[PDB]
Amino acid sequence: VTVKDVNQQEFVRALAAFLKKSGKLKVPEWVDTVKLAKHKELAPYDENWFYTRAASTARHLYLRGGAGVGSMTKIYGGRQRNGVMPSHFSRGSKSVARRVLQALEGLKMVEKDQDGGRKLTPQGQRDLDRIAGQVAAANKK
Amino acid sequence: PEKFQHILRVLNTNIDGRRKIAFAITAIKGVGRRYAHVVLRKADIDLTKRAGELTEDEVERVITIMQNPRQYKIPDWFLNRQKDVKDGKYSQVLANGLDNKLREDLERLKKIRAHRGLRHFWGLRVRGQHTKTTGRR
Amino acid sequence: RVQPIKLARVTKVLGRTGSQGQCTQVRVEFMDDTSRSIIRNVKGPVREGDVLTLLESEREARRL
Amino acid sequence: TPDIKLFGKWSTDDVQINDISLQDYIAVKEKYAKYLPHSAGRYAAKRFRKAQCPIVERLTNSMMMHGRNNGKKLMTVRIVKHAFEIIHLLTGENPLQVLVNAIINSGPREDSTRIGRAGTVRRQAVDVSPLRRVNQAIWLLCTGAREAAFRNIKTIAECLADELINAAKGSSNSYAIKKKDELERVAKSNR
Amino acid sequence: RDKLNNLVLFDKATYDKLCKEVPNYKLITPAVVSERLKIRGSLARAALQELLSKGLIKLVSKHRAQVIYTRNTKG
Amino acid sequence: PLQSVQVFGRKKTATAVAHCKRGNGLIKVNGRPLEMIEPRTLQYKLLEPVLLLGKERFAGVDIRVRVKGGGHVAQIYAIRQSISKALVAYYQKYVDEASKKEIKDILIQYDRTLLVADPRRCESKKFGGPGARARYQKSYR
Amino acid sequence: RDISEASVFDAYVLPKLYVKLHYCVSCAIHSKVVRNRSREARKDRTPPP
RNA sequence: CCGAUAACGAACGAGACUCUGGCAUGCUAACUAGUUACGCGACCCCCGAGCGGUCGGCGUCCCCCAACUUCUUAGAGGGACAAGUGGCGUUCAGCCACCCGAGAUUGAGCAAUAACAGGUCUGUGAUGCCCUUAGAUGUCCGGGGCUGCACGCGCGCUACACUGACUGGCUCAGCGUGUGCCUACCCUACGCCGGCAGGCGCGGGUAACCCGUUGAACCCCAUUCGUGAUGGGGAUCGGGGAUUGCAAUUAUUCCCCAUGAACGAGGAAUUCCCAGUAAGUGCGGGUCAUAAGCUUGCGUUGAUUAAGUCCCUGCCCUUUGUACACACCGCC
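Protein chains in written order, with our numbering: chain A, 184 to 324; chain B, 1128 to 1264; chain C, 131 to 194; chain D, 352 to 542; chain E, 54 to 128; chain F, 42 to 182; chain G, 3 to 51.
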């Protein structure tokens, strides 16, 4: 039951829980006043993205062998009303995906790969998908 | 579920109790949705509630913070008033205050015979878009 | 007077009259009665084999 | 389900086309009761292949209309495999009977075609190939459920599942069965 | 003409009806409470989870968007 | 020696190459079983081959699909077509033919382009119009 | 065949109207009794079904 | 086209052709594709299953003296040809239905005679004549205008919302495009810094290698909202901050704040089109120092309905009338 075998959207639900119920990661200060990406209209409601997004980011690295900040920005996109203008694609915030990577690095979920870009390290490779067992075997539903 | 407030009056401006708390802060001139959560994030008011609830301490907690923002960690994005010019004050203007400031900077531009002022005086576009076809009222 | 509902499909599609090309003229067996033969103008796309419905079984819709 | 080809959860067997004429044009099941209302589709290529497309999916397509929503069949396929799960709660039995014995008595028996008629345009009574009835019926209830569901928050699944019951029964309480009336009514005035 | 302004929070007498009246429907949703009763609809949204205190009403299937929400489960 | 039949089915530009090995055989797209993918309203859509022929019919057949190109929905009649085609080439090449024909019947009595490639592909745009056919509105006095 | 059923009598030939229509050329052409032919054709006076 | 046939047999246009678009487990192959699946030899962490054997699976360790073309690519090929059968048809020319299957039509370019004061002298070092010719209409610097605004029309976009709005998340390309270019100049991977614009670090790239499994939007899925001109909408201005540019005043472009409009489906009209079609939807290209609401391509999501008629508009032939031949927008 790898990250794929678990129905991937109720993965990060529990992986967000993991890193909350650990009580360590390194939550910071641009936090309560963050846009998330110039992309968006409005600061996000669940006051706790980066436990749930570092979840995403970290599992994402599981699926993909290497990923830069430039990559993370790319992936969390959207359309962007410039208003009466047509919608276009704007990269996500770097700062936040970066500090997500650097923070995952603190727990040592991840590491900097060779040839540039972050990938996840064996230790983290665990915490990630350990709970995959726990999410499949939470219950069949 | 407590219907007692039946609307509220805040900061010299009429406000609606029924509307959600983040939304309610929005109405006052000088605010907007952006800054109006951030006030309710530092203040630590639970955002899942209506402006026709809360206590007098909560609503003052809003005003103390929103009227004096920088001191409660609110950075300098969410100051609409950035390097004012009449002293290098950089704070957040609210209420009629902005209408006052607004007018004063129109007055200032006008008084210094400069273009942008003339353009308000006449009633035109300031921002050089073409008014051949739009701006018809 | 007389008010039944009779369903019949003309054995052969015949033409596609009407001003704008609407009505496909049809020769329709009564269905309720084998013997009866009627000519009517239909609006929907028909063919050889398909049942259709007329309010009055008399009008025998003529050249239009 | 290898025993018999059902429909997410649903019986398509024990379903009968309750008025001959529409039979052979309503393709609820040749033997072919499709499970889903998404399908590759190419029933718009030739002319009378259009009927052989299942009345259910044929309704999803007829539902993903209107300017801001064209080609969102993923979307509306919910609505319709979402609507039927309401009907069976109210009526019981296959709500496919409620769909099929809607379209039959949602759509008329005959219609009012416009001839040129010199200048004053006296429409003529003509019967129809089960098509202008079938189709008009189909929007009229789509359009009906649609129009009812701007400014109430009514679920299109709910709003449609009104109409399909209100037209399955000659209930005179929908949008489809309220115009199925008039086209006949206009025709009667003509003759 | 269609103007429909309703109180955000149910009055106690009204709540009893929701406690009372909600048992007397089948095809329920945030709609069917906010049109029959005069509840906002976000507090209906809310009320419908409150009314799962011990499934006074029954969930057929919560679709991401629409709750889709049945009679009590009598027989 | 087991089976090793690879077969592709396409839709638009969604090449989906399935492949059937002999085993226990519980089937998966890229690296995740059929229960997910999660356009989801569809789902039965890609289960169809299973549900038609029998859960028994892949009970000695590990199938692994891979999908690139095309798009969200397309990728599914692509993978549907592939695990019906592949499964067809299975019972043909080494196993039998009668069951190949009982399969090919069970499928092609309702196609949904199961073994038949949809011959269609998109038209090009022509100058003086937003799409292929439609045209920039005519000014006119 | 409506009338041949309802007939009190048996068989029955039914009558015929013998109208001598009789058009001015204007209405003959307008209402498509004759038409308007080629120079060689104008002459060919036969009456051909 | 056949046939009736004072005609018979020919030529240009149509057609044939080219490009294109789709069937080709048929061939030739391909470290500048893919690879594929192996063989799986592994690392390998419980990434996950499993007591453990064993397995499901991304990633890699690859390389390769595997092996191969299953998809990728692009060469040779084949095929599809009203080809079969049943209607209909002067039982010809064909048309219609069905079989096998792409059913005879996937979409452009090319496009005759002959025209038209159509447009173009401002695409042409193509240019007739004419002007003008130093105070120069020769070429420029600086600025300005080409953007100006009581009104009028023309192509666009965004809305009017809850099949939707903003709040989590998952996750599917294609055609291109790129430096290092005729005179000074890109494509960009990955580090820090910053909210962001961006900034500051450093890396590959005559490219199928680097950007780049081009990691998208609708779309899809996760919560708010509750039909309020509201959270739609999102104009007009207040204020900051970046970037391009020697310089943006005449908001350059972008970001960050802040204000926060009309529009709740549009009066008289009228264009667009039939299958992967309309629509939405981004994305490339072109335009570019700076940069597009422009076009031209590209997928992607993908409908409804006509499958016929000449009822309006306009086109073809035939016969006919015609005082029209500047041709009815005529003549009188």
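Careful: at least some of the hints might be erroneous.
List of simulated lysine-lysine pairs, DSS-like, C-alpha gap at most 25 Å [what the hints assert, rightly or not]:
#1 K65(E) with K91(E)
#2 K1228(B) with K223(A)
#3 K69(F) with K356(D)
#4 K423(D) with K115(E)
#5 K1237(B) with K218(A)
#6 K1176(B) with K127(E)
#7 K142(F) with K356(D)
#8 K401(D) with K65(E)
#9 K142(F) with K423(D)
#10 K1169(B) with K209(A)
Think of the hints as simulated: they come from the structure by calculation, not from any bench.
- Task: Verify the proposed pairing of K1237(B) with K218(A), using a straight-line Cα cut of 25 Å.
- Result: 36 Å, violated
- Query: Are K423(D) and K115(E) close enough, with their CA atoms no more than 25 Å apart?
  - Reply: Distance ~21 Å between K423(D) and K115(E) Cα, so the pair holds.
- Under the criterion that the straight-line Cα-Cα distance not exceed 25 Å, is the pair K1169(B), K209(A) satisfied? 19 Å, holds
- Is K142(F) within 25 Å of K423(D), Cα to Cα? Violated. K142(F) to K423(D) sits at ~36 Å, over the 25 Å cutoff.
- Between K69(F) and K356(D), does the CA-CA distance stay at or below 25 Å? 23 Å, holds
- Between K1228(B) and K223(A), is the straight-line Cα distance small enough, at 25 Å or below? 30 Å, violated
- Message: For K1176(B) and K127(E), compute the direct alpha-carbon distance and say whether it is at most 25 Å.
- Response: Not OK: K1176(B) and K127(E) at ~36 Å, beyond 25 Å, violated.
- Hey, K401(D) versus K65(E), does the alpha-carbon distance stay inside 25 Å? 57 Å, violated
- Restraint check for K142(F) with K356(D), where alpha carbons must lie at most 25 Å apart: 19 Å, holds
- Mind checking the alpha carbons of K65(E) and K91(E) for me, to see if they're no more than 25 Å apart? Holds: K65(E) and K91(E) sit about 13 Å apart, inside 25 Å.
Against the hints set out earlier in the document, violations occur for numbers 2, 5, 6, 8, 9.
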